[PDB]
Amino acid sequence: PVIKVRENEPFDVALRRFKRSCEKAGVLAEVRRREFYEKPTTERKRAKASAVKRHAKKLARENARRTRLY
Amino acid sequence: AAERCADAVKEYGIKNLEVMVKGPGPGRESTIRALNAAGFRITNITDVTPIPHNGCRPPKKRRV
Amino acid sequence: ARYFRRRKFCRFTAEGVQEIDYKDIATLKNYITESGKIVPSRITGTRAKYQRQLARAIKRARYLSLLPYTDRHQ
Amino acid sequence: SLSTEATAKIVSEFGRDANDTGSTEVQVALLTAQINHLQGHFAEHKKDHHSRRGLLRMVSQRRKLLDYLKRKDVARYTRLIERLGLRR
Amino acid sequence: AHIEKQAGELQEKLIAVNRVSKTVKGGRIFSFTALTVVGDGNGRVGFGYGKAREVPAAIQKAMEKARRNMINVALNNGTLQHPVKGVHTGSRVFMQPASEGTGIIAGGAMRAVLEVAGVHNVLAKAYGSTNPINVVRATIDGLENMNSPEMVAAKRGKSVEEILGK
Amino acid sequence: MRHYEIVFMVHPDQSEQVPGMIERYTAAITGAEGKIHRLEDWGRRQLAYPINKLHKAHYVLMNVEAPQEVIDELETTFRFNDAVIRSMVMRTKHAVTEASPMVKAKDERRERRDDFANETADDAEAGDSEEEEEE
RNA sequence: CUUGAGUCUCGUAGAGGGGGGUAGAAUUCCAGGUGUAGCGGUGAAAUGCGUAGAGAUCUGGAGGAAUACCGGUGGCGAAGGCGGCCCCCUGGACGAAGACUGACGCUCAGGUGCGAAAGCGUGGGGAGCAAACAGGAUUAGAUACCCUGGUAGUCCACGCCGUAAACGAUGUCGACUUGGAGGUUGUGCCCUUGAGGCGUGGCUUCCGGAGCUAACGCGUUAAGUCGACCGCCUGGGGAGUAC
Numbered sequence: 001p002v003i004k005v006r007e008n009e010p011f012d013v014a015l016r017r018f019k020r021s022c023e024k025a026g027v028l029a030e031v032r033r034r035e036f037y038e039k040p041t042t043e044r045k046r047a048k049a050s051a052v053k054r055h056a057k058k059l060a061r062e063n064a065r066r067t068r069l070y
Numbered sequence: 065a066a067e068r069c070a071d072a073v074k075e076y077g078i079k080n081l082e083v084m085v086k087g088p089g090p091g092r093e094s095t096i097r098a099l100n101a102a103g104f105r106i107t108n109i110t111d112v113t114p115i116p117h118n119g120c121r122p123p124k125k126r127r128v
Numbered sequence: 001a002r003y004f005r006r007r008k009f010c011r012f013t014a015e016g017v018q019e020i021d022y023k024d025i026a027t028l029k030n031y032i033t034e035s036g037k038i039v040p041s042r043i044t045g046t047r048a049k050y051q052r053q054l055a056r057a058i059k060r061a062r063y064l065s066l067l068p069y070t071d072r073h074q
Numbered sequence: 001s002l003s004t005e006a007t008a009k010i011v012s013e014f015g016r017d018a019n020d021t022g023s024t025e026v027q028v029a030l031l032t033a034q035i036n037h038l039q040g041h042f043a044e045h046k047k048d049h050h051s052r053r054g055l056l057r058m059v060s061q062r063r064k065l066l067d068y069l070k071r072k073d074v075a076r077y078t079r080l081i082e083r084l085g086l087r088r
Numbered sequence: 001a002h003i004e005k006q007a008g009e010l011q012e013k014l015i016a017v018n019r020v021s022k023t024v025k026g027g028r029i030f031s032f033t034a035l036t037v038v039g040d041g042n043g044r045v046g047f048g049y050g051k052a053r054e055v056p057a058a059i060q061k062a063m064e065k066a067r068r069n070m071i072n073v074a075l076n077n078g079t080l081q082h083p084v085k086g087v088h089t090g091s092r093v094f095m096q097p098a099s100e101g102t103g104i105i106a107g108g109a110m111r112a113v114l115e116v117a118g119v120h121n122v123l124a125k126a127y128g129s130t131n132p133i134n135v136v137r138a139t140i141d142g143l144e145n146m147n148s149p150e151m152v153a154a155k156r157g158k159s160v161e162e163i164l165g166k
Numbered sequence: 001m002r003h004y005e006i007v008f009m010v011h012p013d014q015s016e017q018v019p020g021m022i023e024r025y026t027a028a029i030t031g032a033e034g035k036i037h038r039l040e041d042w043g044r045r046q047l048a049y050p051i052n053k054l055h056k057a058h059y060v061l062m063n064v065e066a067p068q069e070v071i072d073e074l075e076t077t078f079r080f081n082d083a084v085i086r087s088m089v090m091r092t093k094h095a096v097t098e099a100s101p102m103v104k105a106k107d108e109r110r111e112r113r114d115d116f117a118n119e120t121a122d123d124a125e126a127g128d129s130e131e132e133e134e135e
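One line per chain: the protein sequences are BX, BN, BU, BR, BH and BI, in this order. Residue numbering for the first sequence follows the deposited numbering, beginning at 1 and increasing consecutively. Residue numbering for the second sequence follows the deposited numbering, beginning at 65 and increasing consecutively. Residue numbering for the third sequence follows the deposited numbering, beginning at 1 and increasing consecutively. Residue numbering for the fourth sequence follows the deposited numbering, beginning at 1 and increasing consecutively. Residue numbering for the fifth sequence follows the deposited numbering, beginning at 1 and increasing consecutively. Residue numbering for the sixth sequence follows the deposited numbering, beginning at 1 and increasing consecutively.
Just so you know, not all the hints are guaranteed correct.
[Said to hold, decoys possible] Pairs of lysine-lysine, DSS-like flavour, derived with a Cα cap of 25 Å:
1. BN:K125 x BX:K24
2. BU:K49 x BI:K93
3. BN:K86 x BI:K93
4. BU:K49 x BN:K86
5. BU:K8 x BX:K19
6. BU:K29 x BI:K56
7. BX:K45 x BN:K124
8. BI:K35 x BU:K59
9. BH:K65 x BH:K25
[As the list claims (entries may be wrong)] Stretch-level coverage of chain BN by chain BX, calculated; a stretch enters the list once three of its residues show a Cβ under 8 Å from a Cβ in chain BX:
10. 83-94
11. 106-113
[Claimed, not checked] Quick list of the computed label-pair ranges, beta carbon to beta carbon:
12. BI:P50 x BN:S94: 32 to 42 Å
13. BI:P67 x BR:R87: 27 to 37 Å
14. BH:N134 x BU:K49: 25 to 35 Å
Just so you know, these hints were derived from the structure itself, not from any lab. Positions of the beta carbon are idealized from the N, C-alpha and C atoms, including for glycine.
When you get a sec, could you build the whole thing from the sequences and use the hints?
Next up, the structure:
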């Protein structure tokens, strides 16, 4: 998943980030493991859950200021 | 491994190269760098890595 | 003044383009990268219906070789 | 789901002559008419159990609406039950 | 103290004493814990759990917590008419109006706590947890809404409380 | 009746087969009192991946109404046509039979996106330059 | 009577169910072409496989499950349950306008009907993965741990007792209780201008008051206030067995 689309002016290092959009996730990610049929619906779909801790972290920066520790 | 194969093919009289990449394993760039150190332009790094439409079940590995 | 109703850039900031249509090639390509593939739904802030119906339409379209299914088809 | 053109014949023939859908007689006659449509699917599809769940809803409710008419007038009832060929 | 009832000399009802330690980080803890009730004979909510390094300081902390931010409770000495189905943290009590002519049986120190509580006569045996800390809650949650009328107008009594809300 | 938007694509060199087949399929529809409400041929287009080989196909939008019993037989038919490489038919819900979403993409194809070659001349006699027997 | 509930055509959202049709891609395989020595496996390792030319690679064919992403705090099903894409057949649910009947109600012992998964009889089918079975490796031994081969299974069709961690670990369906806001949809109204606002239903979720809790927690989708009627529990081990 270095991705076929060529970075402007050719160089030895592939610009892997700007190319990739939805590759590996689910298909070539659960490597050397038993593939399940309905398991992904609860195992993998953790985007909302992982978003909360990041909202909390960005809240507390302002709250260290309001308590005055900084 | 790339610098070992790239040395041997001068006898075949190859003078330029292009490369096809197929996998998620290590050597993403480092394999490319060794053909480029063999004296080749390596402008076309065409990922053709086959994404089956969800293929054949991989091995369970450990029994836990 | 009243009843202007959906000129531009109003109801939603991002226009919904298609639901379920695939006979125009251009409507599908509205959410398709230069890699030739769908962008995830978290990043764009698309509304779930237009997306849920596009999940069928895009797979349909790919199967008719209106799209690449696979990185090998780039 | 039942055809527009049957539903209008059923209304013409059953309940009173007002061509309403609400009275107990026309409601047995409309329920029957979907039950029969669904039995048309169950000419095949013998492993299609999740839709059979639906049949028993429509069937049970008709059982209830028959008790109700028979708790009320017996003329409408003895006519209706013979008029849709229900039971043995 | 503050909102406390018309109390006169201290109630020194010590109910329990204990001593607690983890001993995990630097030998044992020497400090003691105390549980104390301070009332007035006419009905109070005063209950105080406190602690200090040795008993005399433990009780005096506990006795402060038995007496500050405590509301007056208006029962008439030994008669009460309107209890509550008392619940505190699984320890459950269910008093109902009753003659004082009949006497009181209650075990341990408890007939003694109840006679200073003013609630001895309405009282009936505890159920739920029979833990020393929560068994005595008869006079707190079991009086949390109450009245004790002496008036001939007892049958107008709830009427009298509505026309003040009017 | 109910409306079914069938789209199919055809191998360039095999396009010569379709002008005899298409007029029996239209007679089978109207023979059931359904209708041809457009019939748009779009010309040749590049497939992303080959299907039965070649990177190119010629795309044809029939725009049927036919009864439910008949479309299950026609759909099986259009998929197992050999001249046809693959086919898809979409639902009655949210369907247009007027005002085509591909009207511009079609015209663009004839003007600009064909080969303009002998292998796409073969398409144009099965294309908009359509010939069929009269019903 | 409507204030409970029921029903007609219409719109709307969705992975509810049964049977049909269909494509490409890696492992895998075969054939030819090209080509030489490891390939595999791991914590490190050896068993396996290979010079009959492996491994990989070009072209073309073969075959069977599967169909990633889109897939999201989404949506759906009676609970567990549902995900390639399409059609045939059809349920259940969400709204909305015209219109009808008018307690036709609630719950449910017994009851008929219905499987996550594998177990399972025959036919069809097999590419990969795998209990057993062999052999390697681990170590005070090693059936556990960790590896390689490898079969029934997995896959379809019909058929046999519906097991369970069969979910809200939360009975059924109904009434009431300060709310805001997120996700997202029917529809009235908005320079619709901020997945936005307001009017009114829809599922869905964070936050917290009244109340309830041992505690976590629940909180207008309750774990509150309750409603009718039902299921179920009454110390542990020994027993989901004995009878």
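Cross-check of the supplied hints:
no. : hint                         : in the structure
1   : BN:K125 x BX:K24             : holds (20 Å)
2   : BU:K49 x BI:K93              : holds (14 Å)
3   : BN:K86 x BI:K93              : violated (42 Å)
4   : BU:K49 x BN:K86              : violated (36 Å)
5   : BU:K8 x BX:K19               : violated (31 Å)
6   : BU:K29 x BI:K56              : holds (19 Å)
7   : BX:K45 x BN:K124             : holds (22 Å)
8   : BI:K35 x BU:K59              : violated (29 Å)
9   : BH:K65 x BH:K25              : violated (30 Å)
10  : 83-94                        : holds (count 4)
11  : 106-113                      : holds (count 8)
12  : BI:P50 x BN:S94: 32 to 42 Å  : holds (34 Å)
13  : BI:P67 x BR:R87: 27 to 37 Å  : holds (35 Å)
14  : BH:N134 x BU:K49: 25 to 35 Å : violated (56 Å)
Checked against the numbered hints given earlier, the structure breaks hints 3, 4, 5, 8, 9, 14 and satisfies all the rest.
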